[PDB]
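With one protein chain withheld, the remaining protein chains of the complex are depicted in position.
Going by the order they are written in, the chains are A, B and C; count residues from 1 in each one.
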Amino acid sequence: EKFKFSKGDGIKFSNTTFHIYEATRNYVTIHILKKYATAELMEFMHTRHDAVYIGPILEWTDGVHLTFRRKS
Amino acid sequence: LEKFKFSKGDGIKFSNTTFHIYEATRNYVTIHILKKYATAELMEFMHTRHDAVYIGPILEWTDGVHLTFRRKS
Amino acid sequence: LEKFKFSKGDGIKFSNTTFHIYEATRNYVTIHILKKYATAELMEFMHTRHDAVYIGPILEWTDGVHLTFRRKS
Partner (left out) sequence: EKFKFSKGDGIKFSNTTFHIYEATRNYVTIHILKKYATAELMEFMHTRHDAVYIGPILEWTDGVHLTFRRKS
């Protein structure tokens, strides 16, 4: 229920939006501006989505990919 | 069968690519793959098919990256 | 007392330096510190004094790095 995403979705966080690159039963990769890869995002992902950061962090032209694991 | 089982040199088909086994031990494995594939779909494949979870580090090479995983069960 | 407790903006003395709190939530904290200190002595300090363990990522800034930690207990 909490760890549920669909590829292509946009999610509001803080004063930005991150996008779902890939989502599976146990993993999710988001696209977000790198400066947001800090505690507030981690708390949001953990508390709202049962998701915890595992990496790696991959650089793209307008943001980074961050991969998270389901922690139910 | 033990799912966390790999052989150095093997190629494994994943998505539209093939990754290769660099090193494999009882509890760890390092694969070689294009960096763009170091995302959720690969993690799911490794977790579900091989009881393997990502620990890093991520090492750059001329034709891909090394990624190291640990056995989870 | 709850050991995993921090206030944005605070400086904390560690070794021969001072690190600063960038963000702090119930379960996560991001500190700003010189990169050379992202090693075992800092990890021990954070673990033992603050119930905090390193998760990353490590972000580069002009005068140091951001490091993110998770609450362990």
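Here is the rule we use: a residue touches a chain if its C-beta (ideal position, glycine included) is under 8 Å from a C-beta of that chain, and two chains touch if they have at least 3 such contacts.
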Using the touch definition up top, pick the residue from C:5, C:8, C:35 or C:49 that touches the left-out chain.
C:35
May I ask you to list the residues on chain B that touch the chain which is not drawn?
22-30, 55-57, 59, 66, 68, 70
Interface with the undisplayed chain - residues on chain C:
35-36, 38-41, 43-44, 47-48, 53-54, 56, 58, 67
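Just so it is clear, only the chains that are shown with their structure count from here on.
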So, in whole Å, the Cα centroid of chain B is separated from that of chain C by 30
Hunt down the residues of chain A that sit against at least two other chains at once, touch-wise.
55
